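Below, in C-alpha coordinates: the form deposited without the named molecule, a single chain.
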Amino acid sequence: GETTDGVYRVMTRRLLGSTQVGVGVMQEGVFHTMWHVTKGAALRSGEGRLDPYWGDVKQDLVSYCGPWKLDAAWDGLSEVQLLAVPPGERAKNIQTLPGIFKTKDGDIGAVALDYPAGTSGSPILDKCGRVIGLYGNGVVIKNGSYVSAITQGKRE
(Lines of atoms letter the chains of each structure in order from A and count residues from 1; the text may use other names and numbers.)
(Lines give C-alpha, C1' and ligand atoms only; values in the text may rest on other atoms or scores of the structure.)
Protein backbone atom coordinates (compact mmCIF):
# COMPACT_ATOMS: atom_id res chain seq x y z
CA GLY A 1 0.00 0.00 0.00
CA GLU A 2 0.88 3.78 -0.33
CA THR A 3 3.00 4.74 2.76
CA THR A 4 4.24 8.16 1.41
CA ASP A 5 4.07 10.90 4.12
CA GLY A 6 1.30 13.49 3.58
CA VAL A 7 -2.48 14.01 3.91
CA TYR A 8 -5.08 11.46 2.75
CA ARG A 9 -8.82 11.23 2.18
CA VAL A 10 -10.74 8.43 4.00
CA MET A 11 -13.50 7.08 1.67
CA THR A 12 -16.33 4.50 1.91
CA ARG A 13 -18.45 2.66 -0.78
CA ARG A 14 -20.93 1.56 2.02
CA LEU A 15 -23.26 4.57 1.22
CA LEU A 16 -24.32 5.92 -2.30
CA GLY A 17 -21.31 6.31 -4.69
CA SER A 18 -17.89 6.97 -3.02
CA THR A 19 -18.42 9.09 0.20
CA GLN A 20 -15.53 10.90 2.00
CA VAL A 21 -16.06 10.22 5.78
CA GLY A 22 -12.86 12.10 6.82
CA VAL A 23 -9.09 12.75 6.35
CA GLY A 24 -5.82 11.69 8.04
CA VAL A 25 -2.02 12.09 8.17
CA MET A 26 0.58 9.52 7.05
CA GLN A 27 3.90 10.09 8.94
CA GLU A 28 6.84 7.76 9.58
CA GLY A 29 4.65 4.86 8.17
CA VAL A 30 1.77 5.46 10.71
CA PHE A 31 -1.73 6.69 9.61
CA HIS A 32 -3.34 9.14 12.10
CA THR A 33 -7.06 9.99 12.04
CA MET A 34 -9.94 10.84 14.43
CA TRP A 35 -11.82 7.84 16.04
CA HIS A 36 -15.30 9.08 14.86
CA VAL A 37 -14.08 8.78 11.16
CA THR A 38 -13.12 4.99 11.09
CA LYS A 39 -14.72 3.82 14.39
CA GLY A 40 -11.44 1.79 14.72
CA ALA A 41 -12.18 -0.23 11.51
CA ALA A 42 -9.38 -1.45 9.18
CA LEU A 43 -8.60 0.54 5.97
CA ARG A 44 -7.44 -0.31 2.42
CA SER A 45 -4.47 1.44 0.69
CA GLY A 46 -4.13 -0.10 -2.80
CA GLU A 47 -4.36 -3.86 -2.26
CA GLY A 48 -2.44 -3.12 1.03
CA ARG A 49 -4.29 -3.23 4.45
CA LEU A 50 -3.95 -0.86 7.48
CA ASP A 51 -4.82 -2.35 10.95
CA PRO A 52 -5.56 -0.11 13.98
CA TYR A 53 -2.72 -0.04 16.57
CA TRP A 54 -3.83 2.58 19.14
CA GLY A 55 -7.06 4.46 19.84
CA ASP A 56 -9.03 6.33 22.51
CA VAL A 57 -12.70 7.34 21.98
CA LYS A 58 -12.29 10.06 24.68
CA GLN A 59 -9.29 11.77 22.88
CA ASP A 60 -11.30 10.83 19.68
CA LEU A 61 -7.95 9.72 18.05
CA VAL A 62 -6.68 6.49 16.30
CA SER A 63 -3.29 5.38 14.76
CA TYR A 64 -2.70 2.61 12.11
CA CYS A 65 0.40 0.31 11.68
CA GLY A 66 2.24 1.92 14.64
CA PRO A 67 2.00 4.20 17.67
CA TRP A 68 0.91 7.92 17.52
CA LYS A 69 3.89 9.88 16.00
CA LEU A 70 2.68 13.59 16.03
CA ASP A 71 4.19 15.38 19.10
CA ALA A 72 4.14 19.12 18.03
CA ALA A 73 2.00 21.59 20.06
CA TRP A 74 0.42 25.07 19.45
CA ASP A 75 2.83 27.55 21.13
CA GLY A 76 -0.26 29.50 22.37
CA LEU A 77 0.72 32.68 20.42
CA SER A 78 1.40 32.11 16.68
CA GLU A 79 -1.10 31.75 13.79
CA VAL A 80 -1.51 28.24 12.27
CA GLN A 81 -2.83 26.65 9.00
CA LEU A 82 -5.74 24.18 8.66
CA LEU A 83 -4.72 22.03 5.66
CA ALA A 84 -8.43 21.50 4.93
CA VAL A 85 -9.30 18.51 2.68
CA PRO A 86 -13.09 18.88 2.08
CA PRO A 87 -15.18 16.29 0.21
CA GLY A 88 -14.75 16.46 -3.62
CA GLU A 89 -12.51 19.64 -3.36
CA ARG A 90 -8.68 20.10 -3.52
CA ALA A 91 -6.51 20.35 -0.38
CA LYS A 92 -6.61 24.08 0.64
CA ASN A 93 -4.52 25.77 3.45
CA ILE A 94 -6.49 28.34 5.57
CA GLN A 95 -4.49 30.48 8.02
CA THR A 96 -6.08 31.43 11.42
CA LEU A 97 -5.27 32.47 15.05
CA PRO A 98 -6.71 29.72 17.27
CA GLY A 99 -9.12 30.55 20.07
CA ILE A 100 -9.19 28.55 23.36
CA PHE A 101 -11.42 25.74 24.77
CA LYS A 102 -11.39 26.27 28.60
CA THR A 103 -11.99 22.87 30.38
CA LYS A 104 -11.77 21.68 34.06
CA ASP A 105 -8.72 19.57 32.89
CA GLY A 106 -7.05 22.46 30.97
CA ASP A 107 -7.12 24.92 28.01
CA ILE A 108 -6.89 23.58 24.41
CA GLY A 109 -6.39 25.52 21.15
CA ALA A 110 -9.53 25.79 19.01
CA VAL A 111 -9.91 26.84 15.30
CA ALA A 112 -13.16 28.59 14.16
CA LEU A 113 -13.48 27.38 10.49
CA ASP A 114 -16.76 26.03 9.05
CA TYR A 115 -16.29 22.88 6.84
CA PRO A 116 -18.40 19.73 6.28
CA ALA A 117 -18.12 16.76 8.69
CA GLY A 118 -16.22 14.72 6.01
CA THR A 119 -13.27 17.23 6.58
CA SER A 120 -12.80 15.58 10.08
CA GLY A 121 -9.07 14.66 10.50
CA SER A 122 -7.60 17.47 8.35
CA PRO A 123 -4.29 18.49 9.99
CA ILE A 124 -3.35 21.77 11.65
CA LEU A 125 0.26 23.01 11.06
CA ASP A 126 2.78 25.35 12.71
CA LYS A 127 5.05 27.77 10.74
CA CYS A 128 7.64 24.94 10.37
CA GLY A 129 5.08 22.61 8.64
CA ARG A 130 4.79 20.27 11.75
CA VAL A 131 1.29 18.80 12.55
CA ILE A 132 0.14 20.24 15.95
CA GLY A 133 -3.20 18.37 15.90
CA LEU A 134 -6.32 17.40 13.96
CA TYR A 135 -9.50 19.30 13.09
CA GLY A 136 -13.01 17.82 13.41
CA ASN A 137 -13.88 17.42 17.14
CA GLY A 138 -15.50 20.39 18.87
CA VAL A 139 -18.74 22.31 19.32
CA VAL A 140 -21.58 24.21 17.53
CA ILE A 141 -21.68 27.83 18.83
CA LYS A 142 -24.24 30.65 19.52
CA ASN A 143 -23.82 31.66 15.79
CA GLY A 144 -24.51 28.17 14.25
CA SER A 145 -20.85 27.80 13.01
CA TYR A 146 -18.44 24.95 14.06
CA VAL A 147 -15.42 25.48 16.42
CA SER A 148 -12.92 22.48 16.48
CA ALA A 149 -10.31 21.66 19.16
CA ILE A 150 -6.72 21.32 18.04
CA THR A 151 -6.82 17.53 19.01
CA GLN A 152 -3.22 16.16 19.45
CA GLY A 153 -2.23 12.74 20.89
CA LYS A 154 0.71 11.84 23.22
CA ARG A 155 3.96 10.22 21.82
CA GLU A 156 5.55 7.64 24.28
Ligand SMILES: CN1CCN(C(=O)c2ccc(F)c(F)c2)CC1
Contents of the next structure:
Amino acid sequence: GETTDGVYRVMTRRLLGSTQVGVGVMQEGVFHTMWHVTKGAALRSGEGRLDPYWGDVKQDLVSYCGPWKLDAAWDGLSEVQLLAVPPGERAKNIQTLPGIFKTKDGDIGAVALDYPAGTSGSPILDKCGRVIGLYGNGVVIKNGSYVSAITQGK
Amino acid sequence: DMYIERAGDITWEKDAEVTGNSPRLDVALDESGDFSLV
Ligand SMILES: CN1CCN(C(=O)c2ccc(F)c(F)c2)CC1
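Next block: the form deposited with the named molecule bound, after the form deposited without the named molecule:
All chains and molecules follow, beginning with the one already shown.
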Protein backbone atom coordinates (compact mmCIF):
# COMPACT_ATOMS: atom_id res chain seq x y z
CA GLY A 1 0.00 0.00 0.00
CA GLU A 2 1.06 3.61 0.67
CA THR A 3 4.52 3.93 2.24
CA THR A 4 5.16 7.62 1.47
CA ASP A 5 6.47 9.66 4.46
CA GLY A 6 3.80 11.84 6.06
CA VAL A 7 0.89 12.17 8.45
CA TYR A 8 -1.97 9.64 8.22
CA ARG A 9 -5.46 9.18 9.67
CA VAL A 10 -6.23 5.88 11.50
CA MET A 11 -9.81 4.84 10.61
CA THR A 12 -12.26 2.07 11.50
CA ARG A 13 -15.45 0.77 9.85
CA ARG A 14 -16.58 -1.24 12.97
CA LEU A 15 -18.79 1.61 14.29
CA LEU A 16 -21.39 3.80 12.40
CA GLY A 17 -19.93 4.94 9.04
CA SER A 18 -16.14 5.48 8.83
CA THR A 19 -14.79 6.74 12.17
CA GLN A 20 -11.39 8.35 12.81
CA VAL A 21 -9.86 6.77 15.96
CA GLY A 22 -6.45 8.50 15.68
CA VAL A 23 -3.44 9.76 13.68
CA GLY A 24 0.09 8.46 12.92
CA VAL A 25 3.46 9.22 11.27
CA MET A 26 5.06 7.29 8.42
CA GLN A 27 8.84 7.80 8.31
CA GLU A 28 11.54 5.57 6.76
CA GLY A 29 8.92 2.85 5.99
CA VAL A 30 7.75 2.63 9.64
CA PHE A 31 4.30 3.75 10.89
CA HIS A 32 4.28 5.39 14.36
CA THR A 33 1.20 5.97 16.55
CA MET A 34 -0.02 5.95 20.16
CA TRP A 35 -0.81 2.55 21.70
CA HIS A 36 -4.32 3.60 22.85
CA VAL A 37 -5.25 4.40 19.19
CA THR A 38 -4.79 0.82 17.85
CA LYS A 39 -4.36 -1.33 21.05
CA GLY A 40 -1.58 -3.05 19.04
CA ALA A 41 -3.91 -4.44 16.33
CA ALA A 42 -2.72 -4.89 12.68
CA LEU A 43 -3.51 -2.11 10.16
CA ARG A 44 -4.43 -2.01 6.48
CA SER A 45 -2.99 0.40 3.85
CA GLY A 46 -5.00 -0.32 0.68
CA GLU A 47 -4.28 -3.98 -0.18
CA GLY A 48 -1.17 -4.16 2.12
CA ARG A 49 -0.98 -5.14 5.79
CA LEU A 50 1.07 -3.37 8.49
CA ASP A 51 2.00 -5.66 11.42
CA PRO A 52 3.07 -4.26 14.85
CA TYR A 53 6.87 -4.44 15.42
CA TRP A 54 7.27 -2.78 18.86
CA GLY A 55 4.87 -1.50 21.52
CA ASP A 56 4.85 -0.25 25.10
CA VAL A 57 1.61 0.52 27.03
CA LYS A 58 3.47 2.60 29.65
CA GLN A 59 5.06 4.94 27.04
CA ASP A 60 1.67 4.67 25.12
CA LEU A 61 3.53 4.09 21.82
CA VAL A 62 3.62 1.51 18.99
CA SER A 63 5.57 1.14 15.69
CA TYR A 64 4.64 -0.93 12.56
CA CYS A 65 6.95 -2.61 9.93
CA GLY A 66 10.15 -1.68 11.80
CA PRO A 67 11.64 -0.08 14.92
CA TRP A 68 10.72 3.43 16.19
CA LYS A 69 12.56 5.99 13.93
CA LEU A 70 11.57 9.35 15.58
CA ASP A 71 14.55 10.58 17.64
CA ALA A 72 14.32 14.39 17.72
CA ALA A 73 13.74 16.06 21.11
CA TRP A 74 12.17 19.38 22.25
CA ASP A 75 15.06 21.83 23.05
CA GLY A 76 13.22 23.08 26.19
CA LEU A 77 13.17 26.71 24.97
CA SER A 78 11.57 27.08 21.53
CA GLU A 79 8.00 27.13 20.25
CA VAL A 80 6.87 24.01 18.39
CA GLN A 81 4.02 23.13 16.02
CA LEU A 82 1.28 20.58 16.51
CA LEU A 83 0.38 19.23 13.07
CA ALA A 84 -3.21 18.50 14.06
CA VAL A 85 -5.27 16.12 11.92
CA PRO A 86 -8.82 16.41 13.37
CA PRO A 87 -11.59 13.99 12.28
CA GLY A 88 -13.30 15.09 9.00
CA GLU A 89 -11.02 18.17 8.83
CA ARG A 90 -7.87 19.15 6.91
CA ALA A 91 -4.36 18.82 8.45
CA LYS A 92 -3.64 22.16 10.28
CA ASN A 93 -0.43 23.52 11.97
CA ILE A 94 -0.75 25.19 15.41
CA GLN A 95 2.23 26.95 16.96
CA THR A 96 2.65 26.97 20.76
CA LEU A 97 5.32 27.30 23.50
CA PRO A 98 5.27 24.05 25.50
CA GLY A 99 4.81 23.92 29.25
CA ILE A 100 6.31 21.15 31.46
CA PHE A 101 5.13 17.88 33.04
CA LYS A 102 7.38 17.49 36.11
CA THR A 103 7.62 13.83 37.20
CA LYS A 104 9.64 11.84 39.78
CA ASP A 105 11.69 10.55 36.76
CA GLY A 106 12.38 13.91 35.06
CA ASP A 107 10.77 16.72 33.08
CA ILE A 108 8.78 16.31 29.83
CA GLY A 109 7.46 19.04 27.47
CA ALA A 110 3.67 19.44 27.34
CA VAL A 111 1.34 21.18 24.87
CA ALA A 112 -1.81 22.94 26.07
CA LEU A 113 -3.97 22.45 22.98
CA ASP A 114 -7.47 20.89 23.01
CA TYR A 115 -8.57 18.60 20.15
CA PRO A 116 -11.14 15.75 19.74
CA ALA A 117 -9.99 12.28 21.01
CA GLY A 118 -9.57 11.06 17.39
CA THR A 119 -6.68 13.58 16.96
CA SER A 120 -4.39 11.38 19.23
CA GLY A 121 -1.14 10.48 17.38
CA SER A 122 -0.78 13.88 15.62
CA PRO A 123 2.94 14.85 15.44
CA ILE A 124 4.60 17.75 17.27
CA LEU A 125 7.41 19.36 15.18
CA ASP A 126 10.49 21.48 15.75
CA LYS A 127 11.50 24.38 13.39
CA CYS A 128 13.34 21.87 11.14
CA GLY A 129 10.14 19.86 10.55
CA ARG A 130 11.47 16.97 12.71
CA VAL A 131 8.97 15.02 14.79
CA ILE A 132 9.89 15.59 18.46
CA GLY A 133 6.90 13.56 19.79
CA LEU A 134 3.22 12.59 19.43
CA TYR A 135 0.19 14.43 20.83
CA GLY A 136 -2.62 12.65 22.68
CA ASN A 137 -1.61 11.31 26.12
CA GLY A 138 -2.02 13.72 29.02
CA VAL A 139 -4.25 15.30 31.71
CA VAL A 140 -7.32 17.56 32.22
CA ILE A 141 -6.41 20.51 34.49
CA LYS A 142 -8.36 22.56 37.18
CA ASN A 143 -10.22 24.45 34.38
CA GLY A 144 -11.37 21.54 32.17
CA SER A 145 -8.83 22.21 29.35
CA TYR A 146 -6.52 19.43 28.04
CA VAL A 147 -2.69 19.32 28.39
CA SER A 148 -0.86 16.61 26.38
CA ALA A 149 2.71 15.32 27.01
CA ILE A 150 5.13 15.61 24.07
CA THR A 151 5.49 11.75 23.97
CA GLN A 152 8.71 10.60 22.23
CA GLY A 153 10.08 6.95 22.06
CA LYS A 154 12.70 6.19 24.84
CA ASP B 1 -10.70 -3.54 11.01
CA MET B 2 -8.40 -0.50 11.01
CA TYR B 3 -6.98 1.29 7.97
CA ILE B 4 -4.77 4.32 7.25
CA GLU B 5 -5.23 7.26 4.78
CA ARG B 6 -2.60 9.87 3.93
CA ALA B 7 -3.50 13.35 5.30
CA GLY B 8 -0.42 15.45 4.39
CA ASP B 9 3.33 16.14 4.48
CA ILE B 10 5.09 16.79 7.79
CA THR B 11 6.45 20.37 7.57
CA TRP B 12 6.82 23.51 9.70
CA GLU B 13 4.52 26.26 8.32
CA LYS B 14 5.49 29.95 8.52
CA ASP B 15 2.63 32.03 9.95
CA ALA B 16 0.61 29.19 11.47
CA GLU B 17 -2.07 30.16 14.09
CA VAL B 18 -0.21 30.79 17.41
CA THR B 19 -2.15 29.74 20.58
CA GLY B 20 -2.04 27.78 23.89
CA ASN B 21 -0.38 28.61 27.20
CA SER B 22 2.72 26.83 28.84
CA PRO B 23 1.62 25.32 32.22
CA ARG B 24 4.20 23.75 34.61
CA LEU B 25 2.42 20.80 36.28
CA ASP B 26 3.51 18.13 38.77
CA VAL B 27 2.33 14.83 37.30
CA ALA B 28 2.59 11.03 37.91
CA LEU B 29 2.62 8.26 35.24
CA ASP B 30 1.12 4.92 36.26
CA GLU B 31 1.89 1.37 34.98
CA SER B 32 -1.15 1.66 32.61
CA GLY B 33 0.38 4.70 30.79
CA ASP B 34 -2.09 7.19 32.35
CA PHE B 35 -0.92 10.59 33.57
CA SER B 36 -2.52 12.08 36.71
CA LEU B 37 -2.12 15.48 38.42
CA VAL B 38 -0.30 15.20 41.77
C1 LIG C 1 15.73 -3.93 19.76
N2 LIG C 1 14.77 -2.81 19.58
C3 LIG C 1 13.66 -3.19 18.70
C4 LIG C 1 12.37 -2.39 19.02
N5 LIG C 1 12.67 -1.05 19.56
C6 LIG C 1 12.11 0.07 19.05
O7 LIG C 1 11.30 0.03 18.15
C8 LIG C 1 12.46 1.39 19.68
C9 LIG C 1 13.63 2.04 19.29
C10 LIG C 1 13.91 3.33 19.74
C11 LIG C 1 13.00 3.95 20.56
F12 LIG C 1 13.21 5.23 20.96
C13 LIG C 1 11.85 3.31 20.95
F14 LIG C 1 10.92 4.02 21.65
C15 LIG C 1 11.58 2.02 20.55
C16 LIG C 1 13.55 -1.04 20.74
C17 LIG C 1 14.29 -2.34 20.88
